[PDB]
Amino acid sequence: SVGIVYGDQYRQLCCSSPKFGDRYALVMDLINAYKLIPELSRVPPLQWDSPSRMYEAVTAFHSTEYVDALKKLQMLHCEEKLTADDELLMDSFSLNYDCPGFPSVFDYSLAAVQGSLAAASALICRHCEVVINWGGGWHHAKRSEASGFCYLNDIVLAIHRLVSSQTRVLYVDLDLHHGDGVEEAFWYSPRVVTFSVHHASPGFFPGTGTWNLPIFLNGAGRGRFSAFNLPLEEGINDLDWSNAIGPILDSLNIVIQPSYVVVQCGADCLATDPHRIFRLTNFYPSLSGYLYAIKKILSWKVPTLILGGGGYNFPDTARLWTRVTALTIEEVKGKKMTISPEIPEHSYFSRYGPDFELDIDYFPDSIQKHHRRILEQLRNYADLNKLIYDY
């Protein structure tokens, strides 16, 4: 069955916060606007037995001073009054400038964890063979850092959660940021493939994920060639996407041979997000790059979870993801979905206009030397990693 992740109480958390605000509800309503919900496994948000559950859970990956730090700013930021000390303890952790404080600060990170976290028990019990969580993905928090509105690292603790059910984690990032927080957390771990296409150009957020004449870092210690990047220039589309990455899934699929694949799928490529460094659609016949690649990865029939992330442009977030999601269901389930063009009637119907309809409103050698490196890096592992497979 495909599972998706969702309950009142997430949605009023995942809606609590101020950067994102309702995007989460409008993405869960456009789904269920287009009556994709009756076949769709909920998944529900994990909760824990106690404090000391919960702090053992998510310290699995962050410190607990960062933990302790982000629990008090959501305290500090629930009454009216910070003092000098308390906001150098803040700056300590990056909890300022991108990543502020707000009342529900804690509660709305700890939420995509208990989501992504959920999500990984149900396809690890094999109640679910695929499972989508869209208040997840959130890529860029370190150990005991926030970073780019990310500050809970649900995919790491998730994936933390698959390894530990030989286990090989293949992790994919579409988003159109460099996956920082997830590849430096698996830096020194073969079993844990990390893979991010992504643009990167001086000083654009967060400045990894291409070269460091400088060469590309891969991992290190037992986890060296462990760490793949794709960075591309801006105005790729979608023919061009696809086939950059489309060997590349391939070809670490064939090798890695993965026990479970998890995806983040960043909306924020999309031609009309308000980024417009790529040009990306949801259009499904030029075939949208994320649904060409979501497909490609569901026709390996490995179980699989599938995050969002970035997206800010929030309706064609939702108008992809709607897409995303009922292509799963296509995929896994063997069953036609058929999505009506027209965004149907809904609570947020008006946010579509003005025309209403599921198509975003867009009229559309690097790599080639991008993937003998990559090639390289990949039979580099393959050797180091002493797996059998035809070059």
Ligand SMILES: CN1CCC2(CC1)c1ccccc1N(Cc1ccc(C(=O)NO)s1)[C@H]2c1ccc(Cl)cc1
Given for the second form:
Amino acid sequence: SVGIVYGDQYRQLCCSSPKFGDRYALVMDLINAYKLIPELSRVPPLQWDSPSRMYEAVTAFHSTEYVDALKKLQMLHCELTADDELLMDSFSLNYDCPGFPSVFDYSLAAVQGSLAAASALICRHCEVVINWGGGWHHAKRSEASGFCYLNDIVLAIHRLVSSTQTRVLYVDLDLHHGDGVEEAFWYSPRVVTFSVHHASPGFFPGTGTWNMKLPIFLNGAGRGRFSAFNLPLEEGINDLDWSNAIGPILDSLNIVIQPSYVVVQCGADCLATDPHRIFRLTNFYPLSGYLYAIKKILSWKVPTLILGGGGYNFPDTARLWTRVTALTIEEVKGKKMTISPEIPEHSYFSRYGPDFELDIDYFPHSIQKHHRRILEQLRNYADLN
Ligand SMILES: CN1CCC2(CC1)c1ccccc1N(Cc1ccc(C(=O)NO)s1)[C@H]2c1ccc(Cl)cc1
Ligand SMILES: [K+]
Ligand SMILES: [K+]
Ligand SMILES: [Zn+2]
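Go ahead and give the structure of the form solved in complex with this ligand, now that the form solved without this ligand is out.
Zooming out: every chain and molecule, the one shown earlier first.
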């Protein structure tokens, strides 16, 4: 059984941000055009009985002041003083993470979806749950970052590890380092975080690499030491090299940690067609690195959460996440989901030009040391625990 988060309210909220616009609509509608919805259980966003119940849930990670400020920001944008500016600036609610009429409703909705997905996994209603509206891994306890205002991921994991020793393995496939999720669990050995990403001088967010005798690689602290794994890669990596880099690490993490739940952030800014143009991954299937990683994770047969994330080429993002959904249906339910190479006709068909194919329009054409480092860390982590 495979679940997917969507709904009327969820849709408009997820499409109300200025940075991602209608991206969520394209994803859900392409999946729908391919007749996959009949194979998926809808997971309705989580709702609360009172504003106080909502606050306690969101303040499980964020501070009351920050949540307060995010709430006020929406109010002000729905119609600013000098003191307000200093207040907003103190939470980074400016510049990269500005406000808009629905800034709070938009951020909370992601939390609503990811929390519902975790409960769907906890009560065993679904073996895997997808949420293309979540995955905002940059949100910090009291700080917005990289257009991430509330960390739906952290709250979801908290719910998972809180349920009836539970250990959760977090895999971050986004092009950017998943700093927010990593810092939240810096001190906890019960949540092992693994992020593969690009890193270089001046590149956002700057973390997930060496620190500065010689450089050192931080990996948690306290009881959580050796619990934060990072693999930074240089620009230009292809599907093969990427899968080869993360492959053995993924296997070894599942073997050593034996997770009770796996949370996968599947941000789509690694595609060769993303505006960043850093990695050269595709969405191909005869092979895409994304699908190779999801297939390997699903093979573990562990209750898994699949989240969205970055991705500013909206059509190609939907192109990738549609195949992830189909592949998930194949692995979990055992029913092959042969997809049509041709994009099917639907409301957003125009946006998929000029070729209107499911494959992204791209023609493709060191890590060894990191493996030894990461293996040593895994041995240090296994022993420590
Ligand atoms: C503002 N607030 C101050 C406290 C700090 C960041 C946020 C924090 C809050 C909660 C848990 C941990 C941590 N930090 C320790 C680290 C976490 C990941 C690291 C890495 O290097 N990953 O690759 S270091 C601090 C930090 C994080 C990043 C930087 Cl650049 C500087 C300081
Ligand atoms: K990442
Ligand atoms: K950890
Ligand atoms: Zn990203």
